[PDB]
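Single chain ahead, by itself, as structure tokens, in the form deposited without the partner chain.
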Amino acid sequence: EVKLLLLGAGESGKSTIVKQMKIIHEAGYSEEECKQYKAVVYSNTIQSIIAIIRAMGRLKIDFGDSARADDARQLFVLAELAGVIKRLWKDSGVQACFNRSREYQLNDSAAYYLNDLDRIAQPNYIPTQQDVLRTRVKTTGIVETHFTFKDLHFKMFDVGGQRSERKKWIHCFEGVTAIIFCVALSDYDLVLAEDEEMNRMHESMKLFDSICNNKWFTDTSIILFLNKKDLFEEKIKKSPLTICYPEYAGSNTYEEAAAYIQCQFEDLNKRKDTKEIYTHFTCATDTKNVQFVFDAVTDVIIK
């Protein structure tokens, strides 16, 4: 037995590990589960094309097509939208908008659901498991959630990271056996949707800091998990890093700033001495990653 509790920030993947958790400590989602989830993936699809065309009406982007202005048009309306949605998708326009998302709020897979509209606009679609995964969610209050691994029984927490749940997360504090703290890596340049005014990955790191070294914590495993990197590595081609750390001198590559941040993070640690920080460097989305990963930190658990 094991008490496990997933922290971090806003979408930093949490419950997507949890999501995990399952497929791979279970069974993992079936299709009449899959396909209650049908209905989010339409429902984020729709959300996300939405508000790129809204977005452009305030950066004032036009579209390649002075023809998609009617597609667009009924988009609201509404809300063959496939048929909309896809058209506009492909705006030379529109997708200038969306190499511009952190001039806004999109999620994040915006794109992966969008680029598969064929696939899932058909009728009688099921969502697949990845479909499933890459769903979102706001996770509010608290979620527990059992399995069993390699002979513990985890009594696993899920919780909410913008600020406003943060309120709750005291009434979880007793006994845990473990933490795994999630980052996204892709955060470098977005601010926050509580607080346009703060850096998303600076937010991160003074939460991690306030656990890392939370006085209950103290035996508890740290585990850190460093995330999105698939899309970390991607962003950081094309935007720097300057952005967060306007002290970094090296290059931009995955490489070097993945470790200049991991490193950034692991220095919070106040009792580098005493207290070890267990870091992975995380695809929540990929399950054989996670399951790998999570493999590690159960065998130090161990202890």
Contents of the next structure:
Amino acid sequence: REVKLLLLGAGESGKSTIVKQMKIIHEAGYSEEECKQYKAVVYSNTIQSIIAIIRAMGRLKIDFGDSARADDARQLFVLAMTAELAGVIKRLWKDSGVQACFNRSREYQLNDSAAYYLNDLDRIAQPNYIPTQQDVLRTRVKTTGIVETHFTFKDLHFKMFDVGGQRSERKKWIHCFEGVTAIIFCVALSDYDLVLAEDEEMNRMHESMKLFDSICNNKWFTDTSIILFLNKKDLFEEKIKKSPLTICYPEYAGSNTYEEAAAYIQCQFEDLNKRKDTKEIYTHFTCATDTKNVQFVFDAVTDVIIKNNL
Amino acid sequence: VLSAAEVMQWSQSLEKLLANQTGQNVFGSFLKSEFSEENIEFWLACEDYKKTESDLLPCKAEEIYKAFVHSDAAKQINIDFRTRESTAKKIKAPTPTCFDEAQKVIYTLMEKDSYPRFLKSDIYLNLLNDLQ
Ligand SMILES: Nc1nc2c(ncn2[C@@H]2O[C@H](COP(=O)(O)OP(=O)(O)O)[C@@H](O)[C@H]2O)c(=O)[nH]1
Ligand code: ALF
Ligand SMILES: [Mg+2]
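Complement to the form deposited without the partner chain: the form deposited with the partner chain bound:
Every component of the complex follows; first up is the chain already shown.
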């Protein structure tokens, strides 16, 4: 009773985070010692994040609110967790101009967990800091290649394959493509106003759509349950207030509200299905870093797989 | 011959693992099983490129660019647009440090993703445990 499961989607859509949730829900949690191994990652994320904002400022020619921050920025580069570095990061982060550049993060490349970490620097910068489970889920590590994980759920033995990401990794996907029972295709909802890290000219959501069109309609997956995770819905909810969906969909005639714009995105992906007669896309709006939400959604997905291979 | 202590020191750092040709091979094998060997093959191509002679660098640079860096490379390394563009500009009149930028990003990618997993894999553990 094996289930071959593919976690697919464009770079940074949340595939590795769902894999982490699978370890938490099905293989019982992250221990204190495992969490402590993620300290360095959290620091690396926080540090590379504030550096990215500061470098953007140079290129976008944004001034600091207060010019004393210039010396903090220089110190940041030389330093890059000490109490000194912490204080450098806190002061930069609270500065009006760094904030200005932060709100313009769509013009460069910034980790989505930047704020989460940078707003909790007091907690993170303590000497005896132990990452919480959520801190681990929020970490960023670029996946390259194909990684196989095993776990058992509802008496089904999942062989789960997690992949990269970027255009460069996608040529390698064919080596997973045989005998697939289910695909969870992840899309970053909040990517609608961003650009590919590997191609500054291509809107990330347009990429995700073209990639889903290719996967959904692939003849290898005619007998495969195609599940669509419209992920990062929490980030999307915050963003759609600030940044209009028309940046991605110029024809979009509706309101910039969470529920209408979410529905429109759903329908844009669901229309790519060119076998609506024989094949159903199983769509869920997810927050991959929310364990509770991934547990509920994965339970539904597993029931869809039972019903489809029964 | 290859030691036990030696293999344990591979858990200290990626630099120590890639310091010697044995460790390169073993880690290489691991990357092959994860379909990411192009990263190490690229890193090794940059290392040879650095020792390569002033005279032949234009060809060596073009070769490596085509094989690993370009959009359509068969062993295309996972790097961003800005890094790929600045490498592209350097291929025309290439110096010995031409690929340093891309090399660093592929080292960091191997170091942060592939390497922590290597240390927990059968390949490494079976090697380590069979020598004791
Ligand atoms: N807030 C939020 N963050 C997310 C969500 N999904 C992923 N992330 C974060 O986004 C980053 C990229 O996620 P990752 O799983 O590595 O993307 P991958 O390239 O598809 O594997 C990580 O730091 C995650 O913690 C989400 O639904 N909400
Ligand atoms: F950007 Al990714 F896994 F797809 F690290
Ligand atoms: Mg990943």
